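Participant: What follows is each chain in one-letter form.
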Amino acid sequence: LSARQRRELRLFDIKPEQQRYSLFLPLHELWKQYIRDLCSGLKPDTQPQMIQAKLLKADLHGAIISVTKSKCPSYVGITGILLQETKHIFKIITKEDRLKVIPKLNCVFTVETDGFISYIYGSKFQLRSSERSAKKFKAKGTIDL
Amino acid sequence: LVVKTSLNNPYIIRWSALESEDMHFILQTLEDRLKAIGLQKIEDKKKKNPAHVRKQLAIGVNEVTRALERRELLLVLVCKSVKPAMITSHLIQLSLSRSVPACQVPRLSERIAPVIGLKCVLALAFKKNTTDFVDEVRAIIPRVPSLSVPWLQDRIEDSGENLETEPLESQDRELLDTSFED
Amino acid sequence: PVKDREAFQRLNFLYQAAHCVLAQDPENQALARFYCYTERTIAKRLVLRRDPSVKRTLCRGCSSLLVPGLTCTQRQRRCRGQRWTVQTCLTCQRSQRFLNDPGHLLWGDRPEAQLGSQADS
RNA sequence: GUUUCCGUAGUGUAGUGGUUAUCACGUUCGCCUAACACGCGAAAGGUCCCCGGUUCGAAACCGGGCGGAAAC
RNA sequence: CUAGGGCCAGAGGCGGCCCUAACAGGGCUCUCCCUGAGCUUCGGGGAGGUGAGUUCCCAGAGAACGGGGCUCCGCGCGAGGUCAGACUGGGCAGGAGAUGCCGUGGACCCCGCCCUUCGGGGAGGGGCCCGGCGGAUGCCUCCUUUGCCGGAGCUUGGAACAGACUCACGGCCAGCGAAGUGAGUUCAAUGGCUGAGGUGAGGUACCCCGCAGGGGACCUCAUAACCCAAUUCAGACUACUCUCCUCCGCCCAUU
Ligand SMILES: [Zn+2]
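Heads up: the protein sequence lines correspond to chains A, B and C, in order. Residue numbers for the first sequence follow full-length UniProt numbering, beginning at 76 and rising by one. The second sequence lines up with residues 19 to 67, 106 to 238 when you count with full-length UniProt numbering. Residue numbers for the third sequence follow full-length UniProt numbering, beginning at 4 and rising by one.
Hint data in this document are derived by calculation from the structure and do not stem from the laboratory. Treat each hint with caution, since some may be false.
[Unchecked claim] Reference listing, derived: stretches of chain A covered by chain C, where coverage requires no fewer than 3 residues with Cβ under 8 Å from a Cβ of chain C: (1) 88-98; (2) 109-121; (3) 127-137; (4) 205-216.
[Said to hold, decoys possible] Here are the computed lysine to any residue pairs in the SDA-like style, where the Cα-Cα straight-line distance is at most 20 Å: (5) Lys-58/C <-> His-146/B; (6) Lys-132/A <-> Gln-19/C; (7) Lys-136/B <-> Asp-104/C; (8) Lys-58/C <-> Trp-207/B; (9) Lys-210/A <-> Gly-84/C; (10) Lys-58/C <-> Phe-11/C; (11) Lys-184/B <-> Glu-49/B; (12) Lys-166/A <-> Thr-185/A; (13) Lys-166/A <-> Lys-58/C; (14) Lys-175/B <-> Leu-57/B; (15) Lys-47/C <-> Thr-185/A.
Even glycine gets a Cβ: it sits at the ideal position worked out from N, Cα and C.
Go ahead and model the full structure; you've got the sequences and the hints to work with.
Facilitator: Now the structure itself:
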């Protein structure tokens, strides 16, 4: 059950790397209508503390990210939507076809909503993101970036 | 009060339009073509003592499911005589790639018996690549209604999502089943 | 269903996101496997009772929600008594038994069609 | 050096031999009174010390990390 | 006071092996589960034996067994026709899959080779299931059906030759008040300063060897964090970086 689910891997191949990244936009279009169906109130004045709290447990698969701070200078400035989301890494695909892996070690990601911009500090958000929606996101420490 | 919230999503992938005025006389057109050309299908199987045998008439359920897999342009004819047939006929809706899934519900069960053939066939299809059998049947294919599938994409970059949460109640099955274990 | 109401949106989103990958580009199914593996894990820890109509397509060996419906083999055959509709993928080679018969349409309407007439608001 | 026990709304504490978070005090409101102390109903208020692991699901079970307390 | 020991009931002893009287020790190795950015022959964590017990609500034939729900089947029982093959006659099964075939699938039955002569281990075949490919005849020869008995399946579910957890795999019996630990304090000593080095960066109008190179000399700077002996030692676990060794990942840039 452990090695039998891990025969080859669940990892990508060489041929899906060139799948014409603008065709991954309906995956972002599905996520864009998902956020409007989640809170269903955006415009006049509707609780910015609620928006950043519902995105704690929200499955952010297929969302645009842009690195505005990282400990590595080479990681900063990479844009694209994400496909996989592992323990402390998540694989993104960028502009004209090439995929990149950015670890969730000490960095923050910028997620652009319709009328909101939310930073996600990737040093606390780890540990198998299916379990992130479950339990145990408590208040610990600061993020010195 | 025992109420269990159950995420129940049978998103109804509907069939073609129920045009009883349109889908009645086209089946009589199929009886005019399958009888006037020849009825040598049973004469080679029973051998009551070969050109009509060369067709790839997909007879049965499992010959239609293998037909739409590789690369085949054909026509699908599905009747409804079984009430849990949605388990079987889900492959007809979901394999919409290069075919037209026609679904004659009330009359297709009465179309096997007047033709000199076999017992009641559920799924009817035929492979007719690179062979001109009847040019008039190929004109009925743009005339029969097609079915849209909002399950995957429905051909347009616009997704269709719903929130179908049906709360299961234990008191409803307590009056129907009346089963107790202590 | 106050706090658990948020959890229903996170399960059917990743279910639908695996369909959007295979609708545009088939034969590359690594996104459909991980979106089903995350869907099963959230339902495993945050306990929800999903319907057997969808769950019989997830192919509970590892993960494939749409792969046996358009690529693998699902046929009808008769093993011993009544006929069975065998759903078997091409990755873990597991099968799921489902019998199709007109004699048990009353029992075939028992798990799925009884909640369509009893689950009231 | 030594041993055992404990961490639960604001405090004092139950409870659980694993799937629900609460009783007493106090606050708010309500019952009552010309306006009251009691009685009584109800609501606001949860990092169940922290992480990992087992399990379908740990306030609980296990492992580790602290913390606190009782006495020679 | 040798606990490399004895006593009563037992007769069972935690995958196997190896090292140690330091067995909640370590190493090698097999199987399974959980899980991780080295496709994975990978790293890390946990569990292996036997017996007993437990395992929410709902759904479901069934969550210990049996009964009961429904279908299929006849080396069983009973009735009717006896008109018991007629032009292979009759009836049944069959696209809602009959027949045929494939296989490092079975914890199934049997033949059965070898290691062996207790359970058994592996190569191979038949029958019965499982799964896959491919689509037309096949079955019985007085016949048909009900009831009873037995066998098999049963859309559930986190789970149905299961898995997980708890308990049990023994109980009980042996000490010396006498000076002074390569630190030995106990109202609880001790990791000091300066100077010169080592190693790790940086520099040279300096010297020698003459292969553009190298070595020496001199000068500047880093040397820490975690933390504190209280009888001592071995081992596991946990908190760590001035550092060295092994194994790699991601991204940038170059060819
Ligand atoms: Zn599979």
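Participant: So which hints don't hold here, by number, going up?
Facilitator: Numbers 9, 13, 15 - these are the hints that the structure violates, sorted from lowest upward.
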